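As structure tokens, one chain now follows by itself in the form deposited in one PDB entry.
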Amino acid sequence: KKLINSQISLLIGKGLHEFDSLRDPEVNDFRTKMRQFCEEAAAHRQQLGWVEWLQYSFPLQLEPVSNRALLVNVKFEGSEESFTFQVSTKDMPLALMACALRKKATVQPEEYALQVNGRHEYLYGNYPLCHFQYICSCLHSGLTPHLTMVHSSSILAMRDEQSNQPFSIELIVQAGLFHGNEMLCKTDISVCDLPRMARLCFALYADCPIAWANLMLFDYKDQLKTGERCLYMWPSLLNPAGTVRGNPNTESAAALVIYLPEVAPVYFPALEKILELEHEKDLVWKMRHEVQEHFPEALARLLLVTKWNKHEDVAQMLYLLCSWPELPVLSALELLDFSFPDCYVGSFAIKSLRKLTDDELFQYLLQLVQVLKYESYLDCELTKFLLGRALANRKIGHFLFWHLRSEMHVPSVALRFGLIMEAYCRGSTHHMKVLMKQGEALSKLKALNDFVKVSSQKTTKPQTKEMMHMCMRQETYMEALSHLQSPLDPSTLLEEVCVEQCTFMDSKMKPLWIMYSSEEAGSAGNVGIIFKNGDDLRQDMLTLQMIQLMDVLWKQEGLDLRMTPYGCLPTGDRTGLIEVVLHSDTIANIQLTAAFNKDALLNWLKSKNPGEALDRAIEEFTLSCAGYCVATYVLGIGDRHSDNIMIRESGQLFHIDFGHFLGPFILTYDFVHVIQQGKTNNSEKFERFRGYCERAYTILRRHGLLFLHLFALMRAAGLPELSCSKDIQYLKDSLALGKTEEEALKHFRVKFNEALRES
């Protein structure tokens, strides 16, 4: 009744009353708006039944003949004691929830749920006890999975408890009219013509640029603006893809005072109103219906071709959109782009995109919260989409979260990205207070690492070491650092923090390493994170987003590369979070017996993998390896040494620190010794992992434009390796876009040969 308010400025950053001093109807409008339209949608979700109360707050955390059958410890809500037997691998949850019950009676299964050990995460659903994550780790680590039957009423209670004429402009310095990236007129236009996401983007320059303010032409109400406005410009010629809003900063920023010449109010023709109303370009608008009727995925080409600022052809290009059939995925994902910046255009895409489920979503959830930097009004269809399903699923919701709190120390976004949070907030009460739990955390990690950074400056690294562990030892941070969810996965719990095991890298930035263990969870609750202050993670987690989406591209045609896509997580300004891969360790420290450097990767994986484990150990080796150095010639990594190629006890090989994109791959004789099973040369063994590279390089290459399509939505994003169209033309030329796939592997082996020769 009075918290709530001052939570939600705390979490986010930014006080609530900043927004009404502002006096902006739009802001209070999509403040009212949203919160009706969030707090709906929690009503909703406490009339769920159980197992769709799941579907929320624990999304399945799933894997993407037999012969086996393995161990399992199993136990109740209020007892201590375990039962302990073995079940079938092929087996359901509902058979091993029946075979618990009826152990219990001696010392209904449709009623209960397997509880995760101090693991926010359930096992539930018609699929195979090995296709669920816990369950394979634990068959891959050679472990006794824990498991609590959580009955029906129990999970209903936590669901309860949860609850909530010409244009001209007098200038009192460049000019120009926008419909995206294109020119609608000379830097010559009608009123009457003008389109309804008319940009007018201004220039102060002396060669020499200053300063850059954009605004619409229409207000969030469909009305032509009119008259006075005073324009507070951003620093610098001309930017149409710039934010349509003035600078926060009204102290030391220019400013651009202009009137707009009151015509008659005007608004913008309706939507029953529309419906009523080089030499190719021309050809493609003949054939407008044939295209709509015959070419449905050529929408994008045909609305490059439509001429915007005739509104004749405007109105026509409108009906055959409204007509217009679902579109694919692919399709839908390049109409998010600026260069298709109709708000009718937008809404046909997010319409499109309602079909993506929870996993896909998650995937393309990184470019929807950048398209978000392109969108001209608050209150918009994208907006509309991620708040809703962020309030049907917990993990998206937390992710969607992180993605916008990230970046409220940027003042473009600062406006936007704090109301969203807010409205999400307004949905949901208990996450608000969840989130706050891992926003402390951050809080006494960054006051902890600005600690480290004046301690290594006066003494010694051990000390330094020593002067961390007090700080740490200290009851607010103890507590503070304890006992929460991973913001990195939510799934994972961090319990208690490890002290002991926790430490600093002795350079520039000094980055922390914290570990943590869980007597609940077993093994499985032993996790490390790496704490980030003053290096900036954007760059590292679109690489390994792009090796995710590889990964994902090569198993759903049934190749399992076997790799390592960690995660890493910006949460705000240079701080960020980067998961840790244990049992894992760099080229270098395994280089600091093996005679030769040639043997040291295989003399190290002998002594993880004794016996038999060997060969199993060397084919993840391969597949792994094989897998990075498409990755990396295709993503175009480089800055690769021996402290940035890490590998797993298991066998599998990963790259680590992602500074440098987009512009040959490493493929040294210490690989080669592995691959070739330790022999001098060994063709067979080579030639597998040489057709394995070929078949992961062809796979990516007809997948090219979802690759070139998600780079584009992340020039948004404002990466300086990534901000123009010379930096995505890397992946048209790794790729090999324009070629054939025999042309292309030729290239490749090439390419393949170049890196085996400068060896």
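Numbering follows the first chain given and starts at 1. For clarity, a rigid core is taken as the largest C-alpha set superposing within 1.5 Å between two forms. First, how it differs from the form deposited in another entry.
- The comparison between these two forms, aligned on the rigid core, picks out a single residue among 426, 405, 146, 389 whose CA moves by 2 Å or more, and that residue is 146.
- With the core held fixed, the Cα of residue 338 is displaced between these two forms by less than 2 Å.
- Superposition on the rigid core between these two forms places the CA atom of residue 357 less than 2 Å from its counterpart.
- With the core superposed, residue 72 shows a C-alpha displacement of at least 2 Å between these two forms.
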The other form holds:
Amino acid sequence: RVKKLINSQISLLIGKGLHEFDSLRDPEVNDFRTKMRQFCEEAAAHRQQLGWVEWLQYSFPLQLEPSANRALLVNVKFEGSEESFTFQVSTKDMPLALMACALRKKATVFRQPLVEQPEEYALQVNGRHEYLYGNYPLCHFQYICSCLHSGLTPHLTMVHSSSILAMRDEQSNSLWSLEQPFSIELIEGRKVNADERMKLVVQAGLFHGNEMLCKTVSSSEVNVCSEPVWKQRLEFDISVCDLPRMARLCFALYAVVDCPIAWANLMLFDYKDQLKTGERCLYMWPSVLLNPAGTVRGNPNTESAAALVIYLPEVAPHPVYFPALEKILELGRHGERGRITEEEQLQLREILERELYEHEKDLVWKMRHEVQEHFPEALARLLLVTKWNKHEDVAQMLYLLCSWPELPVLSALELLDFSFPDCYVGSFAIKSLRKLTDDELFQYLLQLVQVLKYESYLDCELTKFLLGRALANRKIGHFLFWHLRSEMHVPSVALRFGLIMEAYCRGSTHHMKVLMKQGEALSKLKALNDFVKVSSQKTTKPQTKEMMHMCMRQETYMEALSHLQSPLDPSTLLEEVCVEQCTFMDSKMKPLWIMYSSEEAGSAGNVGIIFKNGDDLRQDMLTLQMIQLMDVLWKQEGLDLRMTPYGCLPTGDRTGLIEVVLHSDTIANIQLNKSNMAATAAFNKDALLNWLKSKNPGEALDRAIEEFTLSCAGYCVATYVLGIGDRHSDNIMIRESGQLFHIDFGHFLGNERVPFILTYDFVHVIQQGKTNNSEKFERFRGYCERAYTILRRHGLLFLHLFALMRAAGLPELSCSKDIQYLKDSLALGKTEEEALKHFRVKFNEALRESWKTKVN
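Having seen the form deposited in one PDB entry, could you give me the form deposited in another entry?
Since only the chain itself is given, any partners or molecules it might have are not part of what comes next.
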């Protein structure tokens, strides 16, 4: 009864019926669901018995400042009482001292000598799924740090251990003996559609990641037909013994008089290490020839897709499996060590610290033992020079790898590239990744979920790792779910992504229900946005807003749109929907602006979400995640550029949520220079500054001009490094604190060479409204240079991250040309003295371009 309800609920939540998985009758799919159900149910059982503090670390992981004395006012209360107390504490005090102080006031008011010790409690942030615990001082917590900048007072609740336990309780659930050349039979093509004035060619390649194992073989030219017949042998120049484990056979069917039609790839060995034999029907994917990186599973739409039949020949009378790790380590155990001169050792040091020539690859390979012992972080370059088309060479390389020491997270993220398709090399990358903290993992999760699209099989090390970490952290679980869920309309990933979400759901029944409440809210938002789109092409904005409001006031709407966790942040609770405050934006897609309030949270419960359907939001999220990382990298070096890292989350097909930043308007709106306002100006250059002055009276203007200066320097650098163009007054926002930030991200990474942009209006604010202010202007250039030089020292981080994102399917992130842009913007080739001089030329060039509006 409950088993059937859970399954149908999973089916609705994931957006694919579980019955569809069974109907494939695929043993690989059937082993994944059994082995991952068990693995996720064990994680669940482990969780239902965690300690109470241990339960907070799962459900409410700490939100700490990248870094993690002074008077501070905090307001504390208890769960079963409306009565609060306001204490004067210090930012250097640990939450525990606040707790002991909170109980002291309760001891007098209630006159009893309180049995409770501070240790017995946790401090909940008012009307939020956020907690303050652990031995970190108050300023170290993101909520107190945010509170300290906005002047506003922290509002906390005392939560007893027994109450947290009550929450845990209610949330309960031999190959090497076959030297003949690898060949195949190309039998026939089916349902192909092309010009009859042309001929059909079949191109095949044997790959190990991005590298060829041998040269490509083309079929004979056959006349264009819907059912073309070949019945021909395609011999490759590689022996069946030399075929690596991660060898993938790639096909590109096309038309010639080069006209791309379709493509298809398959792994030569199955998920049980067996070399494949017998007839194979490859349901081809459409082109725009040979695509190594493309998925190794067939096209689901079997009725429309082209279906090339091939025939893997019987290389032996019995089945053939890839030799086990014991046979590999035995063959690779044999060889000669690196005995070379100081001169070749000096050249080896020069190339390993530094793309290399053939002879330079020959020295990396001969000196592989010196690489293992004296250059372990050079592992990726050694894996690159290895000949993956020679069984002896792979075995030597694998033998070194099993004895290879663990590498930093930085080196491990590089090893996840499609360049390293070897499962033992990938298992190795995951072993060096396990030391990632939850915060580091959250930072790179977007890229790790993309790496899943490179994976040759369902049951892989990266899936178990992502699953295990997601079941031990509710925030990780949340974002993993939404990154998978959002790509369910993509037929190439839907089976993989649907299977991972089903596994997770088996491990968190309670969270499956929480996320369905989010899914139901997004369901109603799409129907409401659809209404608005139709209504805005028929009536006036006041009329459409009122009708949107009437629709929202319905029982079904009021209930679905209310009392939920935010998909943008599970800490944020969207309680009561303020219908009167809701509206829509006037852009093509008519985005909805949805407001919420919460009495339990006060001012902190006054939140909003923007719902946008019709436009792709994956590039906006990636841009924002990159900027957020910059802010993290800067803060770690003690540079706080006053950034606004707001939420952006794609949820479905051209659908997603953007976080509302209140007390912010666009440069364009402020610059309208409307009459009967506190910001009305004598000169349009005054407007932004008058607005700033109106919002920040007295001594407050100085801090606002400084928030402006700091954020501006950060965004000038962020948009320059990331090449974010189409920047105008309508997509630049200013907060009432003076903080500047960017919205609506179309183009990024040139698509060319977007220059460093300095705008006179912002230079006018930095210079405090004065024509000349070298003091303030050069303090600004210093912030810019400092920011730029910090990013450069983390150049490989961005490069390793952007390389993993190539799997994403973003048209503006599809080749080496895009990654080159980063290398160029960060002047990754030059020394810091050289890069700084290059940055100062582009900065001065940008000031000279800003001086066009200064002159006029």
